[PDB]
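There are 2 protein chains.
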Amino acid sequence: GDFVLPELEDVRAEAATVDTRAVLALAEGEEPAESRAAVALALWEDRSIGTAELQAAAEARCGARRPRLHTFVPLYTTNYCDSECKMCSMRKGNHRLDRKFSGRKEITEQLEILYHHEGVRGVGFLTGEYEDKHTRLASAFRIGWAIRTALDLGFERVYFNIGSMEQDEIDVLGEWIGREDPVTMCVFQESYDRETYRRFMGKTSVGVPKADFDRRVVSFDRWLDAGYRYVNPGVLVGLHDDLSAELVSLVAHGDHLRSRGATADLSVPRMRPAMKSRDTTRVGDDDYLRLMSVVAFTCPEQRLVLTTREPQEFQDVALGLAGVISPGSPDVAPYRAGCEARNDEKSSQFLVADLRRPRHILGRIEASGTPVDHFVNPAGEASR
Amino acid sequence: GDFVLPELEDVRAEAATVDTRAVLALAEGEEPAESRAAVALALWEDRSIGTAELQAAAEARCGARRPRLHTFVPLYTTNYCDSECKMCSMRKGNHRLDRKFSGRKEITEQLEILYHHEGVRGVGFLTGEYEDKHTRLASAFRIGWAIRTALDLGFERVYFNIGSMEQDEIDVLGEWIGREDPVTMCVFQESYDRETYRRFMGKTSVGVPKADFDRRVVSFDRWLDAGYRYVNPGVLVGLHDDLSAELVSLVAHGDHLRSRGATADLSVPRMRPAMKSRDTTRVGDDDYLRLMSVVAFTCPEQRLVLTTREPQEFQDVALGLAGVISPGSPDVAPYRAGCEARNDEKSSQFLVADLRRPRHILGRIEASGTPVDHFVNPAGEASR
Ligand SMILES: Nc1ncnc2c1ncn2[C@@H]1O[C@H](CSCC[C@H](N)C(=O)O)[C@@H](O)[C@H]1O
Ligand SMILES: Nc1ncnc2c1ncn2[C@@H]1O[C@H](CSCC[C@H](N)C(=O)O)[C@@H](O)[C@H]1O
Ligand SMILES: N[C@@H](Cc1c[nH]c2ccccc12)C(=O)O
Ligand SMILES: N[C@@H](Cc1c[nH]c2ccccc12)C(=O)O
Ligand code: SF4
Ligand code: SF4
Ligand SMILES: [K+]
Ligand SMILES: [K+]
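Note that the protein sequences, when read in sequence, are chains A and A'. A prime marks a further copy of an entry chain. Per PDB author numbering: the first sequence = residues 15 to 398. Per PDB author numbering: the second sequence = residues 15 to 398.
Errors might be hidden in some of the hints.
No copy labels: a pair is met if it fits in one copy or bridges any two.
The list that follows gives simulated cross-link-like pairs (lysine-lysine, DSSO-like), each with its CA atoms no further than 30 Å apart [unchecked claim]: (1) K100 <-> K147; (2) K119 <-> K217; (3) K147 <-> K360; (4) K106 <-> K119; (5) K360 <-> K217; (6) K100 <-> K119; (7) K119 <-> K147; (8) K360 <-> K106; (9) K290 <-> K217; (10) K100 <-> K290; (11) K290 <-> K360; (12) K119 <-> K360; (13) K147 <-> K106; (14) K217 <-> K147; (15) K100 <-> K217.
Please keep in mind that the hints were generated in silico from the structure rather than gathered at the bench.
All chains should be modelled from the sequences, with the hints used to inform the complete structure.
Listed below in C-alpha cells is the structure:
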C-alpha cells in the first residue's frame, strides 16, 4: 500500500513505446495510454521536441486549471537541526551558523506582518529535523500549535516542512487540526536515487535522522493513513546528475499519491548558495525548464511550486509552468513591516535570488494579468 | 547578587551562640537576633529539645498563617529525560522505562479531570531535563502553553518543575504568562553538597544537563531577574548523610530568596522506590519530622510542601507542619474520572505510598477541620 520506487529500466522500456507526437496532440484532460512516468521520460528524451515547444504545450495543457495560481510565504520557525545534509547551511556540523528559535510572541508577530502588511493568506512553517523521539514530538507539538494559530488568524492555506514523520508524531501534530483543514505536508525526497541520497544526507544508524531514506519517503503514506489529503513531494535539482531518473521517480511518486486520492503539489527547487560540505551539479536553465515542462504536462492536476530561490528574470520565463508562487526568505523570523525580509548569511538556510517583498512580487504578477489566490493586495479600500 | 552557598563552619560558629530556649520563647512574628540558618542548626543539634516539642513549637509559630493550607496536583507531561540521576527511574540510561508524551488533547483532558472530578484549582507541570538548546526551548514552549491553558481553565495556582532554566528558556516560557500570574518555579537542588550532588547527578561536561550544579542553583535568580515572584527550592532527603548540612543550606537559600523579595515554598521530599543505579540513605520518621520542624519554625512565612510520597499515617502526623498539601501520582497522564490514578512501575518516575484520589484525601482533611484553599469539594450543590 506504500509507495514503491519504479524500476527505471522497466519505465525505459515503456517509454520506448509512446508516440510523443500523439501525446502532444492529446486534448486537455485526455490521458495517454502509457503511464505518466513513461510518457514524461519519452518527452524528456525526444530532442526533436524543442524545450520551448514543450513548455508551450505544458502551459496549454494546464491552462484550464483554476485558480491559475495561489501563494504561500515560508516562515522558518528555527534553524536548529540534528541532521547533516551536505548541501544545507542548517546541518548540525555547521558550527558557523547563529542558531535561532521563535517562541509564541515572535511566531505570532511574523504571521501578523505577513497577513496585514504583505496581504498573504498562505503560510508555510519550517524547522530542522531532530533525532531523539522526545524532540521530534515536541517539535510536532509546536508546529501543530503554529498551524492552528495561523488558521485561526484567517490564513486559508498552511504548509509545513519539518522532516520525516512517524505515526505518533503525526498524532501529536494532528490534534491541532481537522482532517479537512487546508494543511499540506511537505517532505522533499531530495533525490530518489539511494546512492546520491546517501552521499548528501549521510549513512543510516548513526544519529543522523534524515539518513533513513525509507522513513522519509513513506511519510506521505502515513499522513494519508491518518486521513489527511494534501501533500507536497519534491526533488532537489542539482544533487543527482541524471535528471531523467529523478523526473521518472517524482512523477511515479505523484502518480502513487494521486491513486490514493491525495491532492499533491510538486516541488523541484534548484540549488542555491549555502555553507556546504560537498558541492553539487549546476543545472542550466534549459534543462530545468524542460524538466518543469515534462512534469507539468504529464501531471496536469498537480501544481508545480516556484520560489524566490530563482531570480526575477527566471520567474518571468517559468511562471506559466507553475501552479503555486512562493516568495519569501529562509531566515528565521525575517519579516518586518515596510522592510525587505532578512536573508542573513549568518543564520539563513541558503541565499535566495529575489528579496523583493511578497506583496510587490505578487502585485506585479496580478498587474500583468494573472490573479493570485490567497493574496489580498493591501491597496485602496482594502488598506489600513 | 546570585545565591552563594553558606560556609558551613561559619554557620556552626554562629549556632554555638544562639540561646535555643530563648528562641522557643519568642512570640510569633518575632525574629531571632542570629541568622535563620544558624538558629535552625542550633535547634537541630540541641537534643535537650525533644522532636515532638520542636514540632509543637513550629506548628504554633506558623499557626497565624492564612490560608492554613493550599493544594496542587502534579501532572507529569512526559517521562522522557536526557539526564542520569541515579535515584530516579526517568534517567536516560533506564532502558526498561516505557517512555510517554502527552500532546494537546491529553494534557487538556487531564486538566479537565482534575478540575471537574477532583475539584482542584492547583496544578503542577513536570518534565525531564534535556541536553541540547533546541530541545530545552521546545520543552519551555510546550510547558508555557500548558501553564496558560491551565490558567485560562480557571486554575488559580500553577507550579512547574522542568529542570534548570537559562535566561532565554525563561523568555520562551514567559511569553505565555504575565509577571503577576500565580506561577511557581520548582527546582530542587536535591543536595547542596557538591560531592554528594556529583555522586547522584553525575559529572559535568559530558551531555548530562543536570550535572551542572551551578546552572541549577541560580535558576531562581534568573527567574527573579525576569521579574517573577514565586519559587520552590528543595532538598531530596536521603541523598546526603548529614542532614544538618542540608537544612543549613536550604534555610540559607530560602533566606536569600526572601531578601530578593520572593515568595518561596520549601520542599523536603523523602526518597521513594525507583529503578535506581545507586542506593540511598533511609531517613527515619523522627529525624525527618525534626528536620521539617526546624525548617518550618525558622522560616515561618515559607510553606513546607507535603506530598503523597508519604503514607496516610505519616501525613496524619506531619500535616500540621505543612503549608501546601500535594496529592497525586508521578506517572504520565495518570488520572481518569472516577478511578484511582495510575502509578505503573513500567512508566512512573517512582512509586508513591498513597494512591487515594485527591478529592478524598483533601475532603478528609477538610472534614477534620482544616480548610484547603484551591480545593472545591465537588459535593452537593457544587456537584454536576
Ligand atoms: N542550498 C540549498 N539550496 C536550495 N534548496 C535547499 C538547499 N538545501 C536544502 N534545500 C531544500 O530546502 C528544503 C526545505 S528546508 C528543510 C526542512 C526540513 N529540515 C527537511 O530537510 O525536510 C529542503 O528539503 C531542500 O530540498
Ligand atoms: N526515587 C525518588 N523518590 C522520591 N523523589 C524523587 C526521586 N527521584 C527524584 N525525586 C524528586 O522528584 C523531583 C521532581 S521530578 C524531576 C523534574 C525535573 N526533571 C528535575 O529533575 O528537576 C526531583 O527534583 C526529585 O527531588
Ligand atoms: N524551501 C521551502 C519553503 C519556501 C517556500 N518559498 C521559499 C522561498 C525562499 C526560501 C524558501 C522557501 C519550499 O521550497 O517549499
Ligand atoms: N515531585 C514533585 C511533584 C509532585 C507533587 N505532589 C506529588 C505527589 C506524588 C508525586 C509527585 C508529586 C514535587 O514534589 O513537587
Ligand atoms: S535539509 Fe532539512 S534535515 Fe537537512 S540539514 Fe537542512 S534543515 Fe536539516
Ligand atoms: S530527577 Fe529530573 S533530571 Fe534527574 S533523571 Fe529524574 S527526571 Fe531526569
Ligand atoms: K488575489
Ligand atoms: K476549600
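Checked hints:
Taking CA atoms no more than 30 Å apart as the test, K100 paired with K147 passes in both settings, with 23 Å inside one copy and 22 Å between copies. With identical chains, the CA atoms of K119 and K217 are never at most 30 Å apart, being 38 Å at best within one copy and 36 Å at best between copies. For the homomeric pair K147 and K360, the shortest alpha-carbon distances inside one copy (29 Å) and between copies (18 Å) are both at most 30 Å. Taking the shortest alpha-carbon separations for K106 and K119, only the intra-copy value of 26 Å comes in at or below 30 Å, while the best inter-copy value is 32 Å.
For the identical chains of this complex, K360 and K217 are intra-copy neighbours only, at 27 Å inside a copy versus 34 Å across copies, given an alpha-carbon limit of 30 Å. With identical chains, the CA atoms of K100 and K119 are never at most 30 Å apart, being 32 Å at best within one copy and 38 Å at best between copies. When the C-alpha separation of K119 and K147 is checked against a cutoff of 30 Å, the pair qualifies both within a copy, at 26 Å, and between copies, at 19 Å. Proximity of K360 and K106 under a CA criterion of 30 Å is satisfied intra-copy only: 14 Å inside one chain copy versus 34 Å between copies.
Within a single copy, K290 and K217 get their C-alpha atoms as close as 17 Å, which meets the 30 Å cut-off; across copies the closest is 35 Å, which misses it. Taking the shortest alpha-carbon separations for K100 and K290, only the intra-copy value of 5 Å comes in at or below 30 Å, while the best inter-copy value is 41 Å. Taking CA atoms no more than 30 Å apart as the test, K290 paired with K360 passes inside one copy only; the shortest distance there is 14 Å, against 45 Å between copies. In this assembly of identical chains, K119 and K360 lie within 30 Å of each other by CA distance solely inside one copy; the values are 23 Å within and 38 Å between copies.
Proximity of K147 and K106 under a CA criterion of 30 Å is satisfied in both settings, with 17 Å inside one chain copy and 12 Å between copies. Taking the shortest Cα distances, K217 and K147 sit within 30 Å of each other both inside one copy (19 Å) and across copies (25 Å). Taking identical chains as interchangeable, the C-alpha atoms of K100 and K217 lie at most 30 Å apart only when both belong to the same chain, with a minimum of 12 Å there against 34 Å between chains.
Consistency with the previously given hints fails for numbers 2, 6, ordered from lowest to highest.
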